[PDB]
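Asker: This is what each chain is made of:
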Amino acid sequence: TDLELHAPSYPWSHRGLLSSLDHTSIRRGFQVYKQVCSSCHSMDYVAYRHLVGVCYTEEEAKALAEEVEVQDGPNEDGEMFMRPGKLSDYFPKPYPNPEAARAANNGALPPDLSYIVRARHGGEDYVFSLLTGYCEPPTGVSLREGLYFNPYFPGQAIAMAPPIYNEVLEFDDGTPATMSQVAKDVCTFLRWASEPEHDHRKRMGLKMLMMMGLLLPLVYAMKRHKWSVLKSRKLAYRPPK
Amino acid sequence: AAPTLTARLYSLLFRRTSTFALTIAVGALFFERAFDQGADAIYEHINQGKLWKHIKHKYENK
Amino acid sequence: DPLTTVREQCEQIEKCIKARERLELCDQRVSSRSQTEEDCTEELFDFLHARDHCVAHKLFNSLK
Amino acid sequence: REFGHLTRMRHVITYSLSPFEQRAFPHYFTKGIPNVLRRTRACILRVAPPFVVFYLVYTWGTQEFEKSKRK
Amino acid sequence: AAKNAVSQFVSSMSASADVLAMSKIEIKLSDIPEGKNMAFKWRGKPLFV
Amino acid sequence: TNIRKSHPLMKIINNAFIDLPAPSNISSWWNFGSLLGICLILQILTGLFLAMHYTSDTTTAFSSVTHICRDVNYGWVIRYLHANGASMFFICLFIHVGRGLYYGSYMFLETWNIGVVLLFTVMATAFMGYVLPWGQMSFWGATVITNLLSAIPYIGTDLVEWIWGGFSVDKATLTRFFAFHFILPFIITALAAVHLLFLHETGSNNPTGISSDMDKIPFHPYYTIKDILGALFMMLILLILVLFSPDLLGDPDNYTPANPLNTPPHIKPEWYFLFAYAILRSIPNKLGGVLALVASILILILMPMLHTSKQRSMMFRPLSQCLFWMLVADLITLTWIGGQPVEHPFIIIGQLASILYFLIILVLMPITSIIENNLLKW
Amino acid sequence: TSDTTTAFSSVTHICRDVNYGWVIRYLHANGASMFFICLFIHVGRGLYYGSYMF
Amino acid sequence: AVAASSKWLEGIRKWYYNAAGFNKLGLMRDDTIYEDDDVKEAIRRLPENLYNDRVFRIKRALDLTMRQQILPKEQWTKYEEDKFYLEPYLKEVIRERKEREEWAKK
Amino acid sequence: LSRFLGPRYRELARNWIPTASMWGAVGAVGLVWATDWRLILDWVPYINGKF
Ligand code: HEC
Ligand code: HEM
Ligand code: HEM
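Residue numbers (PDB author numbering), protein chains in the order written: chain B, 86 to 326; chain I, 2 to 63; chain F, 28 to 91; chain H, 3 to 73; chain c, 128 to 176; chain A, 2 to 379; chain a, 56 to 109; chain G, 6 to 111; chain j, 2 to 52.
Next up, chain B with everything else stripped away, as it sits in the complex:
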């Protein structure tokens, strides 16, 4: 019977009504995943064909396919050989099977990172408040050999070890690589992965509020000028005296 803390609400640049996702926090967010998060988590639904026009040019991310070459399957007489990789291929998965994860990670299977945004109360502000939170154990609580304290997590004790602090990464641009801004540019990358639709549909909801506008007081006019005969009729009853 333990209480849970709820993340507050922040002013994102894409928060409501009509405003979009700035493609620089996302351009600078794959790299924070690429050189930190990935060697454990999977992105199987997400493939390199997707990023051709959101964060990088077509050959700019093509060159990221050669960085690691995936193992292949059955070909002629010498199958199980290695291929350089091309545009179609998916985000390479770390283990042979997911059952290897309990072997090295204390019997704690890492959650997949394709829907982690939508599968949580909170959302893209629960994850952010998770990262900077890590705190001190209070007076009078025991822990396992391999557990950590966090007042946001429902069990208050999570296996994962704080993966962000000062000077972790080198941004390709030169913006100060600090914990505060690395956390924000991860909470922006994952959201766009949860939805690739978040920007196409905010534009079909504005060109539609205008077709209705033009056509929804013109049917009202026809309707009103058929019911006037019917709305202006008087009536009698003089009976025989």
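Heads up, a few of these hints could be off.
Claimed, not checked - Computed cross-link-like contacts, DSSO-like style, restricted to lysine-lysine with a CA-CA straight-line distance of at most 27 Å: (1) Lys51/j - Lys168/c; (2) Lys33/H - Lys64/G; (3) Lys29/G - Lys217/A; (4) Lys71/H - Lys42/F; (5) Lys42/F - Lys73/H; (6) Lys311/A - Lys316/B; (7) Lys311/A - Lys88/G; (8) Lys29/G - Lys88/G; (9) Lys51/I - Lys147/B; (10) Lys64/G - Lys311/B; (11) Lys45/G - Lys96/G; (12) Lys172/c - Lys217/A; (13) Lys227/A - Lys308/B; (14) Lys33/H - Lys29/G.
Unchecked claim - A few chain G positions that, by computed beta-carbon distances, are all more than 12 Å from chain H: (15) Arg18; (16) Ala24; (17) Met33; (18) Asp36; (19) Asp41; (20) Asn57; (21) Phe61; (22) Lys83; (23) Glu85; (24) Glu97; (25) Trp108; (26) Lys111.
Treat the hints as calculated values from the structure; they're not laboratory data.
Cβ coordinates follow ideal geometry from the N, Cα and C atoms, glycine included.
We have chain B already, so just place chains I, F, H, c, A, a, G and j with the ligands on it with the hints.
Answerer: Frame of chain B, contents of chains I, F, H, c, A, a, G and j with the ligands only:
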């Protein structure tokens, strides 16, 4: 008696059904190009920058 | 780092000091005897909730 | 059950008028606004009292659930 | 006459469904190790031995 | 001669909606039947592409859904139509059923009884559909209900093995649930041409009670341009909801992938079964609970035989007006309670609220209508 | 299964795998060799007993 | 059943008369009843001057409702000027039906 | 109610309880064959229709 805008409007192209039907076809044709241009422009200006076009000049003509 | 500077700025308002005063009173009583029952997770919870509520309005301004 | 076989009716008269000879909004904001008034008035003395009750029970129930865990 | 033509339709899509044979009559003998409760995708809901 | 009158085929549509007598004072609460007609028709054209690209296999059950959302051209639009156009369908149906009772419309013996059969049939179709996506709520509704029909006195054991088509949920599950959830719509577009054929012999009612043959009006053009305005206003509301805030209605527990093992923390259904779930959970024991859940659909049938009044409808009746609003306020207290744990204080309100659903219908509206009769001498 | 490299093995497993499927496959393949038998008789008669004046 | 309280029964009956609202449309109490097979008989036993009136009080008060209005205040049907025109023709269609039904019983 | 009270409706009831009883008996026994109801198919061992 004074010429109302609809007075000569009803005579020329509103009589039978025929010219009442031509203009309905032609009316939309001179309407979709004007309506398309003035609808996307407000989308860009409201939040320009953030989009992918307004940064890709960093990669152009070398 | 910019968060490190603002957290104590946002702890300055008295909305967060009072619950902070509450935390110590049980904290010393609990440690005074190993026979106590309270674990200060509850009194911890009031302090973080109030602090992190006021941090929200400002931190995004004092970024880059 | 068509129009010529429905009922029998005596000495009464009606006085219609054309649609192209008149206007569709005679008085739009001088009649409709006092109209909505007498309507709602006459009727919001037996539609509101039932929905006050669900509000009183709602606030009494979340209050109890909250203070049974957080002392 | 009208008996068989419906008794067969009753069992065509059911009566172990023809995919249920394998592990109710299976010869595994606890592929699960000692002291653990591993889940198998048989019996519809996971089988535990 | 007149072509419509004498042609053997046009002769049928001319008597049905071009030229039939209709009452003068019909309101806008009579627009919902045609909305349902519109509402039923989307769901079959949508639901066509959701099986055409749909794959029926156990292994891909979770993954087929998340797949179709992004990969398929124009798939993200059409998927949220099937899930949001089915929460519309259930708000034009509690408005339609409520309206008839107020104005005394159940004195059509033929049509108020063909309608209570249509109410069970669409409950079933919805409850399979939640169970197709498979993810960690589809599975954890399915166990709850499926298990409980095993408390039938002599047959319950034999039924859970047939629908499973195996020991339990299995690959065959896609085969059957799709099979019965596919079938259901097409029996409903048959009991609707019969629900309307018994009404073309008396005509409509009107919000006064009294019978009005001295001023009828054709059905064109007077209610075929009021019916269009209505339907357009509806496409407007259905589209604010899928292009601005689609996810406002569902629950963020569905996505978590297909695992037999994992434990859903807070089981609870979609919002329009949350008054059923509060009944079943209110009573001790297996066998008495299932009986209190079929009772409500089965209670509408005792309707015409409890009527004690000289007048038809509640328009001219103040005392019986007030109760109406109570039954409704008290069906909002069974939707709030049912989406939470049993609770320390939620059991006492929680099962006081339920009986009253029963007390008013079976005891208090028949008595109160008599004091009205006696008070104006019939 | 409308899978271009899954389609042919589908009928091959149905005409082996499931109860009585070998009956139903063949009734469906043969019960239209005869629906096309019926057509040529129902048509040719109407060119005997003057049945087109309808 | 009471006598000294019959002033109070009058008091409650004048309040319930006004709360129900058929007088603001001009109707009379007998205009509102529900027409089943027994009220459909007792209508074609009426003289012509009584039957013609009933068809104009029911057509003027079903046109005021198509327009969402009410008649001026000087034309509201008072309490002590409502005459029960269809009552006597209806006690007689009924008591002739209890007679055809206790013959089949004996 | 009173429209249906009498000796003649009770007499028709006792006259057609043969009809109701045969109707119900045939319906109940048919409901055993229709749904492959083994639970009463065994009450008589004479129908060995289960292969
Ligand atoms: C191999 C060590 C490892 C590192 C380094 C790592 N992850 Fe994690 N990640 C894990 C494990 C293990 C879990 C939780 C598994 C469990 O609790 O059962 C996890 C959980 C998560 C979660 C969800 C947290 C929660 O409370 O559910 C996210 C999001 C995530 N990882 C992404 C990331 C991100 C972003 C980073 C960089 C900040 C990162 N991973 C670095 C292994 C790692
Ligand atoms: C009254 C009519 C109907 C209702 C209320 C209804 C309701 C639902 C609901 C609530 C879901 C849940 C899926 C989700 O949450 O995304 C669903 C899924 C589904 N429905 Fe229906 N449905 C109706 C008609 C139909 C019809 C006619 C078909 C015809 C094939 C159909 C086929 C499907 C399919 C294939 C799914 C797949 C699950 C998924 O893709 O998510 N439905 N339905
Ligand atoms: C798919 C479901 C349904 C459809 C398509 C449907 C359709 C309709 C339509 C089109 C009408 C025309 C009259 C009007 O528009 O007012 C009508 C009337 C009516 N319906 Fe339904 N209906 C459905 C479900 C129900 C249900 C569940 C009931 C439950 C009692 C019901 C009872 C009635 C009644 C009593 C009327 C009489 C109209 C009157 O009072 O004048 N219907 N229905």
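Asker: Evaluate each hint against the coordinates.
Answerer: Structure-based check of all given hints:
{"no.": "1", "hint": "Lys51/j - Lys168/c", "in the structure": "violated (30 Å)"}
{"no.": "2", "hint": "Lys33/H - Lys64/G", "in the structure": "holds (24 Å)"}
{"no.": "3", "hint": "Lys29/G - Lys217/A", "in the structure": "holds (23 Å)"}
{"no.": "4", "hint": "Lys71/H - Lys42/F", "in the structure": "holds (23 Å)"}
{"no.": "5", "hint": "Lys42/F - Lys73/H", "in the structure": "holds (21 Å)"}
{"no.": "6", "hint": "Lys311/A - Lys316/B", "in the structure": "violated (32 Å)"}
{"no.": "7", "hint": "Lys311/A - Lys88/G", "in the structure": "holds (18 Å)"}
{"no.": "8", "hint": "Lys29/G - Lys88/G", "in the structure": "holds (17 Å)"}
{"no.": "9", "hint": "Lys51/I - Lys147/B", "in the structure": "holds (24 Å)"}
{"no.": "10", "hint": "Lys64/G - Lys311/B", "in the structure": "holds (22 Å)"}
{"no.": "11", "hint": "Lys45/G - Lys96/G", "in the structure": "holds (13 Å)"}
{"no.": "12", "hint": "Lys172/c - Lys217/A", "in the structure": "violated (63 Å)"}
{"no.": "13", "hint": "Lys227/A - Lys308/B", "in the structure": "holds (7 Å)"}
{"no.": "14", "hint": "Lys33/H - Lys29/G", "in the structure": "holds (19 Å)"}
{"no.": "15", "hint": "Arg18", "in the structure": "holds (20 Å)"}
{"no.": "16", "hint": "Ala24", "in the structure": "violated (10 Å)"}
{"no.": "17", "hint": "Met33", "in the structure": "holds (19 Å)"}
{"no.": "18", "hint": "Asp36", "in the structure": "holds (16 Å)"}
{"no.": "19", "hint": "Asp41", "in the structure": "holds (18 Å)"}
{"no.": "20", "hint": "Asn57", "in the structure": "violated (5 Å)"}
{"no.": "21", "hint": "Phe61", "in the structure": "violated (7 Å)"}
{"no.": "22", "hint": "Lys83", "in the structure": "holds (20 Å)"}
{"no.": "23", "hint": "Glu85", "in the structure": "holds (24 Å)"}
{"no.": "24", "hint": "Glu97", "in the structure": "holds (24 Å)"}
{"no.": "25", "hint": "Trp108", "in the structure": "holds (36 Å)"}
{"no.": "26", "hint": "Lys111", "in the structure": "holds (41 Å)"}
Violated hints, listed in ascending order, are 1, 6, 12, 16, 20 and 21; each of the other numbered hints is respected by the structure.
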